[PDB]
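Asker: Next come the chains, spelled out residue by residue.
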Amino acid sequence: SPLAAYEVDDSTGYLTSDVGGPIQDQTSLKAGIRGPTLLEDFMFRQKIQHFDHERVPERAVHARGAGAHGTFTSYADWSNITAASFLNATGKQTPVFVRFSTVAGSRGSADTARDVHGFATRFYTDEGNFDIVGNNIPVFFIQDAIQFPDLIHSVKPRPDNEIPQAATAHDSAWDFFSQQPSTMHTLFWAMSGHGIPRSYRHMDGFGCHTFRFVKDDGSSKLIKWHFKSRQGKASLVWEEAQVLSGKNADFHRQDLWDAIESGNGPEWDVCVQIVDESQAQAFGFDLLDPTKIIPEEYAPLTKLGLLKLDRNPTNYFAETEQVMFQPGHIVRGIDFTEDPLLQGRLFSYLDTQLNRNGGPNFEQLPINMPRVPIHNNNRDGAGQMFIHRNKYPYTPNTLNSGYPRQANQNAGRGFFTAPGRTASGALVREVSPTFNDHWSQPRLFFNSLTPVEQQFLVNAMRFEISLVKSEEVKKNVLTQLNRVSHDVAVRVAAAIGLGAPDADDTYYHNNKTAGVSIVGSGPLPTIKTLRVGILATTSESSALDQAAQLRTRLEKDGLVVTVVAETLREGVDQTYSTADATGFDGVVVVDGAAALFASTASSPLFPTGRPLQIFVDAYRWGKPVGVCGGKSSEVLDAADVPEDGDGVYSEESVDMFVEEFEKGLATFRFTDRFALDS
Amino acid sequence: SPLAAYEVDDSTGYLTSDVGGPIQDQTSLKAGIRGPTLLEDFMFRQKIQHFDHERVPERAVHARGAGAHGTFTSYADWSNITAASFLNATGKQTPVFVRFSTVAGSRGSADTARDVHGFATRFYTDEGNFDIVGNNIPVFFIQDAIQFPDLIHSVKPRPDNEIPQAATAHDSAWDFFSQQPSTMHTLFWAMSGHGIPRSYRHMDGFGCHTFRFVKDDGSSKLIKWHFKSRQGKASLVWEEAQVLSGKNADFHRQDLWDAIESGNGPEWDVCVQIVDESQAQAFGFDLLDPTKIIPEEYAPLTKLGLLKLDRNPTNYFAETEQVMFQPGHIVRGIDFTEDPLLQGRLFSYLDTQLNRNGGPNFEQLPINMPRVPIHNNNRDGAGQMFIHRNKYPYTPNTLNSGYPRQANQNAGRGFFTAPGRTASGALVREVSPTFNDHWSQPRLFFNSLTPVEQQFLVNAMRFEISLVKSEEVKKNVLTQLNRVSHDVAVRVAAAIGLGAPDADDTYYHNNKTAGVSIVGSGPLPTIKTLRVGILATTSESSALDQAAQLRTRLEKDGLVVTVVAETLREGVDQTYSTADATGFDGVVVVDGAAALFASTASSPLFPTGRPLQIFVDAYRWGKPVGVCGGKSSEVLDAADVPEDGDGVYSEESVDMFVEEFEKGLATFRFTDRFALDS
Amino acid sequence: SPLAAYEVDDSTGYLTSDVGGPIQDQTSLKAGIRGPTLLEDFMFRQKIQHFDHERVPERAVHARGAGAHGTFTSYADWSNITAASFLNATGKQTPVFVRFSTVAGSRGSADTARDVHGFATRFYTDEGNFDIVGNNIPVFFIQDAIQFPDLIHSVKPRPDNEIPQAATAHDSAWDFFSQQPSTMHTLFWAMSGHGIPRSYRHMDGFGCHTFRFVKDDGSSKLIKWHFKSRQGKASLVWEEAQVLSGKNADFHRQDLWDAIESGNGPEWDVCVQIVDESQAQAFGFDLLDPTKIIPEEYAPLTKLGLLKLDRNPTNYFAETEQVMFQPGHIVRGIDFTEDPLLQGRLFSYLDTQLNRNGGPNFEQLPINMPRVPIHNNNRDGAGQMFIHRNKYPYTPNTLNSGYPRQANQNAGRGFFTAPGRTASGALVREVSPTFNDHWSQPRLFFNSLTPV
Ligand code: HDD
Ligand code: HDD
Ligand code: HDD
Ligand SMILES: [Ca+2]
Ligand SMILES: [Ca+2]
Ligand SMILES: [Ca+2]
Ligand SMILES: [Ca+2]
Ligand SMILES: [Ca+2]
Ligand SMILES: [Ca+2]
Ligand SMILES: [Ca+2]
Ligand SMILES: [Ca+2]
Ligand SMILES: [Ca+2]
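Residue numbers (the working numbering), protein chains in the order written: chain A, 9 to 686; chain B, 9 to 686; chain C, 16 to 467.
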């Protein structure tokens, strides 16, 4: 609907060429009924030419992702800190488009790879398009944009054989990380549950860089952007994420699309940390360094407004694939900082759209068009859609009466550089010594996780580093991890049968910070959209009756209910053959189906043991599990699940069962089921 | 109109980026007032990126050209001969766009090169876009499209040094013509005045190929398209074309522009020759052979409707440079023939737009869009401007209720191949022996020219062949010309110091045909838009009054009058310094200006002898010339122009002078001034 | 090898720009140690421009795949059945490059999706490059190339949300299969273990179409290509393939890489079925119909030679990603048939390389070059890597003494269309009634499987 002017309806009508000539497209024109195809068959060639040219280059990074439309609403008049028009009044609404993504994988790689994630937001403001091109992790691997190809070459597949897909679990990546210590902070985030979010809706967005807010009086403040999920934070566990990558490569895009269609459009508070220009080096690190967070204990979050996604695209290629974000899409009231990573991005995102679009008029694509008039002297170029009436597109002119007029701080609401900004010194290719502590903040992060969260991060490193062939690289990795934490180095080293190097306490400390832990961020604030699998049977009409009664009670509370049985019929959504524990946030067995959980059970309709394996996987991955109806022993014993376990439910009463189970869905994960290093 | 929706008005407002952010664009962002430019200057980079990417590849042929909008109006309901919708009712109006061109020259080459000319017409019909991609010469150089790169390589500049521009006057071209005898018919046309038309408005358009008119009953006839100029046929002379190339490379595009802006938009009758399928070999040649005309004595012209061009473009690049014509843009009621030159064109014009546009969505450019709904399953591609609502773009489908519907002869006004058409025989790379007479029709054409017109054609060949460096190429040319006409070969041979081969009478004949002569086509039917230069002086008030009185007389009759004097002032349009005889169709000297024609005349304000040169050039080139006043003989003596001469006017009276002079403008050229061979 | 000349060694040396100027690439040039980056930093911009432009469009189909180098060796002089030079002597070796693939998935999708698989083989022959662009299933879903976008739109992800990846398990695909009954034969194969082969080495290759072998005397026979695996045939089971998709998306490409690195390079017997022109309709179906096999009981396989893959690429992008196969890459001794699926392929594979390469000189990429001299009047175009010495590139010419000379059946070992080929009848957009049995051969295939 925001792009309704560009929609093409094909719900009626005869087939036409692109120039409106009615045609057919099902049989080639031939010299005789068993003859060769004719070159004069224009119907054939226009259709096949289009098909042959459908593809465009995937994004150089963040190739795998999914988007949606929505609205941003300001909570206040923020004039007192920024001239930004979209923030200038309480309740002011601006249309948005967001794309979420992974980083390393190509198109069609799995959503549930371990990775950094993108969170890119376009505000179609009444003073121009403004993009915040963020990630779900607030810190970046590297401190200078010129290193971006080094990082990305090292994490993408080895270039002789293009193995492995969508993974850091290979020699080159860990060679880079161990040789470039700046990488430690993002690496620890990626190896945490932040690397495998439960959904795009259960992760935050961060600008990463320090930006400026600039008032109409020319004064500036330094900001960090934080988009704080109103769904809660949640993660997968790795051994779930790996199966999910195979069972449903589309899991995150499907979760987002389904949340919007069900009227559960995800929300974020758009927030900033706001500090003075004088505080650039006040917090024990440099605000120009994109490997550092401002601990919330030093600068609290100010809520600016609400971001809500509530409308799926009409055509994925035209809207999601083609959206071309840029940090250069900036508006009056915002400015850059001298963060050398941000600085180089400004070049990269304008240039790379020439590769994707194949020509310079990419801002004319509907998804990239602003929602206000364009007045400039840009002309021509391949794919030019506009027919410009001004035949004097040069400044200064008299023959077009001096239009367009120059916009600046004092006229026409121009963008302007923060006028207090200066530079001084030598023209240098030198790194600021203020950037040199690569280890304190990774230790800050690690210290701020719960004990089983710390175990999960150690286990992710054990997983990946064990797949590194080079004994030299593994030793170098242990040298770097040891500078963050001797305990991490020892525990990782144990899995790969190397010794950790001796403790080096230069950067060790016991400081913690709020709001980085997933396991610690408490029960989810809402269970709406969470997925309940009810394992039933067609062999017992009472099992289907139990499942129907559970469905009614769970759907009332906005849970997405799947009834599973051997075969489809009224009231059954999936077969056992297509069901997997990765498709549910909790699993309920109706006790009328207990016979399908016996070690004897076999059917040509699903793989051997599938009903019990769904229950066992869900338990072993930490999910709420239980048996509804009062006869729980046969199922729980077959699964080796204790009836007294936390997040294990057994009730005759459907109402009592659902009340208990719903508390478990909010807890989301039962971390007592994971072993800890001593 | 898809054009009106994309018009952009910059007559007011502040400068913005392409995403609507107000900006400036006159000073770079620098680290200090004398400092280096910053990479974060997005204003600089988006502007210069656009500039850097303004250009697109020129067309591989017909790169130099100019276009205009207009209307086609049917004279009748032509249902009796064609199903074509745009021809189905008296007075039915269809919008058009026409581009005219040369062939060989690049962009910026001169309009008045000697060349074949394009005349490409798009009919934006209510059943799809229909293009007739024609030339001003009815026959083409070659008989199979596979040879097109051979012809074009040979006539385009030599590929080691890219010399010479926009000319056949070089060894390679005449090597190809002499080795590929099919070329003789078009070569004779290009060496006639048809190679140097006076304007786009003073030439005809030809489809060249035989096409089919197909009725809704499936029956077909064979047709040739003729667009017959209502302005009359007129040529330049070669020496005039050479000077005009230098003095005004834009002569034809300016002539067209100006005629439209003055309310003198050019007109053609869109005509066909119509013959039965049984006549394909009945006229002594094969109607599939694009080197042959149907003599009008065998098949008269039927007038179908009026083509008028009456609106100039708004943006040349967006409309004229980007228009992408295709013979594949066909509509129900028209069909192809098995002409091997037409057959391969169908492939070329779809493919080549990928090169120009850089992507497959070129039909979405406003100038290329149809005027009717588009319904098809073409998707994606770079530059996709649509948002398709049908998420099941495959046939056959049930999920989109079987839409779009297949269109064909029976349903949906589908295009259909003429159902009488067959093929039979071996799959061959063989030329039809019916194509083998390369010489009879060139001789018919030559025989049909007037004596002075024959001399101009011999003189164009003498000019060009004398610049061929290879004695052997020259001999081979004479061999080929001699098979058309011994007299042509003898006369051309005399200029290059070779002997002509002995007469070879195999293809010699004395037959003539109507309607191919320019010199024989009689006075122009209208003198509106023709240019009169009045050569005056600021010295004598009487000269300026004489000029102002002629101006009033002549402008009354729609003549574009230029008063020329030493310097500009009220009533004087042009200085002697910028004036040339190639700027005028007729030249008048006011007798008050006689002093400027003396041999001792000199001025820092114009080159020595300029005023007399303009008069003497106009006279040499055949134009109507005269002295208005009462002295008369002084100027005519200076010019050695005889007062009794045809198209030489001497009148004291402004009224007698103008009545006489305007008859000379209709006669247009006085051919008695050109010497003939003995 | 045109690849040898283009190998670039970076085992030693100082970093340079692409024009050989020694540079650094680790720190941006800034106005002071905490200052903004300068526009004059050419080191930064050349490196980042390259990075920004690394990607090219994935293949419109078969986007997910992997390749290797090897050798074809002829078992005999096959002059008695074809003029093809690569088959004209016992022991004659020809270098090859093969790419294997799925069909529907994008780049990065899993190897072990259920799908049809590509098996595309380039023979760098002494009379030109010859490609056999085949699949692991001998029959195709559709009977006319004009329907290919319909099939592919229906199997690829739904276009509002781009779900699901690399799968036919969705409404649109089964809508198309149920509305277009031609699809049944390939669908049965895709739903068999042939949809989830154990490895690229454990599957066969098929040309699918009937082609022609043409002798120097102009006579022709109808052939089918069969590449028969020496490793045997093997499949995954589905519940295994689904887990493997997640645990190792690269399983087939690693399996191939490892087998070559260990000296276990995979082998196929390159075989044909050979039948007379007069048998086009003799077997109860039409040999022009690409939904039909010739049962081996009616026509046995002749072994022509050995294909072995024994060398991994050096640079996956340069070699595997950029290899551009075409059934139009044909050599003297082979000809097309009037199979309406093959007929349209010939158009598609030449055109689509313009999308992938961005310009017309894609045959100049080292992996696409031939191993004989090129003599033609093709010129210019973006990315022109040749410096042509012939300044008269038109035929007919005298100024280059008539060179290059036309090649044909009687000159220069030219390609020639089989001279017994004819066409008769109306110019029609009509399906042959001989194509109308969509169900018997799917039944034959199903009958031929074991109960499990
Ligand atoms: C110098 C280069 C460079 C650097 C240092 C970064 N990126 Fe970037 N990024 C690109 C160069 C790039 C790119 C090559 O220009 C991409 C590819 C597609 C595109 O439009 O821009 C891109 C895409 C891209 C996308 C996908 C946008 C979409 O969905 O279409 C996100 C979310 C980010 N990046 C986020 C980041 C963040 C949070 C960074 C550090 C704080 C970051 N990038 C550093
Ligand atoms: C096999 C190739 C081939 C052959 C045999 C021809 N042409 Fe052509 N022509 C082209 C290949 C082409 C092209 C390369 O496809 C062009 C370049 C730009 C374009 O759109 O198509 C073209 C452009 C072009 C244009 C310019 C259209 C415009 O103003 O944009 C005209 C008027 C003609 N041609 C006319 C003809 C006529 C009357 C021909 C013979 C009767 C003819 N051409 C044969
Ligand atoms: C009319 C279109 C059309 C039809 C009917 C087919 N294809 Fe195709 N195929 C293409 C259009 C295409 C293409 C769009 O042109 C591709 C994409 C990439 C490329 O080079 O060609 C392609 C790629 C492609 C590849 C990948 C080559 C590589 O690894 O790079 C294989 C193996 C096949 N196809 C095999 C087949 C088989 C065995 C077919 C039927 C018997 C078939 N295709 C029908
Ligand atoms: Ca590696
Ligand atoms: Ca976690
Ligand atoms: Ca030459
Ligand atoms: Ca003339
Ligand atoms: Ca038809
Ligand atoms: Ca679907
Ligand atoms: Ca099997
Ligand atoms: Ca391009
Ligand atoms: Ca042939």
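For the record, the hints were derived by calculation from the structure and aren't laboratory data.
Where is the CB? At the ideal position from N, CA and C, for every residue including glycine.
Careful: at least some of the hints might be erroneous.
Below, a list of computed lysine-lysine pairs in the DSSO-like style, where the Cα atoms sit at most 27 Å apart [said to hold, decoys possible]:
no., chain 1, residue 1, chain 2, residue 2
1, C, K262, B, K483
2, B, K316, A, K223
3, A, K255, B, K399
4, A, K236, A, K477
5, A, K316, B, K399
6, A, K399, B, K255
7, C, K248, A, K255
8, B, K229, B, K100
9, A, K520, A, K236
10, A, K483, C, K248
11, A, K477, C, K262
12, B, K100, A, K229
13, B, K55, A, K399
14, B, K477, C, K248
15, A, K399, B, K316
16, A, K255, C, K406
17, B, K223, B, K100
18, C, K230, C, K248
Derived contacts from chain A toward chain C, CB cut-off under 10 Å, selection only [to be verified]:
no., residue
19, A68
20, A71
21, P321
22, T328
23, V331
24, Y357
25, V580
Sample of chain C residues with no beta-carbon within 10 Å of chain A, all distances over it, derived [stated by the list, open to error]:
no., residue
26, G35
27, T42
28, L53
29, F59
30, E69
31, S124
32, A181
33, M206
34, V258
35, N263
Asker: If a hint holds in the structure, say so; if it does not, say that too.
Answerer: Evaluated hints:
A hinted pair counts as satisfied when its Cα atoms are at most 27 Å apart, and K262 of chain C with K483 of chain B does not qualify at roughly 77 Å. For the hint pairing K316 of chain B with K223 of chain A, the CA-to-CA distance comes to about 59 Å; that exceeds 27 Å, so the pair is violated. Among the hinted pairs, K255 of chain A with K399 of chain B is consistent with the structure: their alpha-carbon atoms are about 24 Å apart, no more than 27 Å. Only pairs whose Cα atoms come within 27 Å are accepted, and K236 of chain A paired with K477 of chain A is rejected, the gap being roughly 39 Å.
Pair hint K316 of chain A plus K399 of chain B holds up; C-alpha atoms about 25 Å apart against a cutoff of 27 Å. Distance hint between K399 of chain A and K255 of chain B is fulfilled; the C-alpha atoms sit about 24 Å from each other, no more than 27 Å. Between the alpha carbons of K248 of chain C and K255 of chain A the distance comes to roughly 25 Å, so the proposed pair stays at or under 27 Å and holds. About 23 Å separates the Cα atoms of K229 of chain B and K100 of chain B, which keeps this hinted pair within 27 Å; it holds.
Distance hint between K520 of chain A and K236 of chain A is fulfilled; the C-alpha atoms sit about 20 Å from each other, no more than 27 Å. For a cut-off of 27 Å, the pair hint linking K483 of chain A to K248 of chain C is broken: about 43 Å separates their Cα positions. Only pairs whose Cα atoms come within 27 Å are accepted, and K477 of chain A paired with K262 of chain C is accepted, the gap being roughly 18 Å. Between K100 of chain B and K229 of chain A the alpha-carbon distance is near 67 Å, which puts this suggested pair outside the 27 Å criterion.
Between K55 of chain B and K399 of chain A the CA atoms are separated by roughly 17 Å; this keeps the pair inside 27 Å, and the hint holds. Restraint check: the Cα-Cα separation between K477 of chain B and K248 of chain C comes to about 69 Å, which exceeds 27 Å; the hinted pair is violated. For the proposed pair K399 of chain A and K316 of chain B, the alpha carbon gap of about 25 Å is at most 27 Å, so the pair holds. A threshold of 27 Å between alpha carbons decides the hint, and for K255 of chain A with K406 of chain C the separation of about 61 Å lies outside it, so the pair is violated.
Pair hint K223 of chain B plus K100 of chain B holds up; C-alpha atoms about 18 Å apart against a cutoff of 27 Å. At roughly 34 Å between alpha-carbon atoms, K230 of chain C and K248 of chain C are farther apart than 27 Å, so this suggested pair is violated. Among the interface hints, the one on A68 of chain A holds; its C-beta lies about 6 Å from the nearest C-beta in chain C, closer than the 10 Å criterion. Because the smallest distance between the Cβ of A71 of chain A and any Cβ of chain C comes to about 7 Å, under 10 Å, the interface hint for this residue holds.
With 10 Å as the threshold, the beta carbon of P321 of chain A comes within range of chain C, its nearest partner Cβ sitting at about 6 Å, so the hint holds. A cut of 10 Å between beta carbons decides the hint on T328 of chain A: the least distance to chain C is about 7 Å, and the hint holds. A least Cβ separation of about 13 Å between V331 of chain A and chain C goes past the 10 Å threshold, and the interface hint is therefore violated. For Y357 of chain A, the interface hint holds, the least distance from its beta-carbon to any beta-carbon of chain C being 8 Å, beneath 10 Å.
Of the supplied interface hints, the one on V580 of chain A is violated, with its beta-carbon coming no nearer than about 18 Å to a beta-carbon of chain C, more than 10 Å. Every C-beta of chain A lies more than 10 Å from that of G35 of chain C, the closest at about 19 Å, which supports listing it as non-interface. Residue-level check failed: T42 of chain C sits 4 Å from the nearest beta carbon of chain A, not beyond 10 Å. Against chain A, the non-interface label of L53 of chain C is violated: not every CB pair exceeds 10 Å, the least being about 7 Å.
Once the 10 Å rule is applied to beta carbons, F59 of chain C is inconsistent with being away from chain A; the minimum gap is 5 Å. Against chain A, the non-interface label of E69 of chain C is violated: not every CB pair exceeds 10 Å, the least being about 6 Å. A Cβ of chain A approaches the Cβ of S124 of chain C within 10 Å, the least distance being about 3 Å, so the stated non-interface status is violated. Its beta-carbon lying about 6 Å from the closest one in chain A, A181 of chain C breaks the requirement of being farther than 10 Å from that chain.
No Cβ of chain A comes within 10 Å of the Cβ of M206 of chain C; the nearest lies about 13 Å off, and the non-interface call holds. With a minimum CB-CB distance of about 5 Å to chain A, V258 of chain C fails to clear the 10 Å threshold, and the non-interface call is violated. Chain A draws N263 of chain C into its interface by the beta-carbon criterion, the shortest separation being 8 Å against a cut-off of 10 Å.
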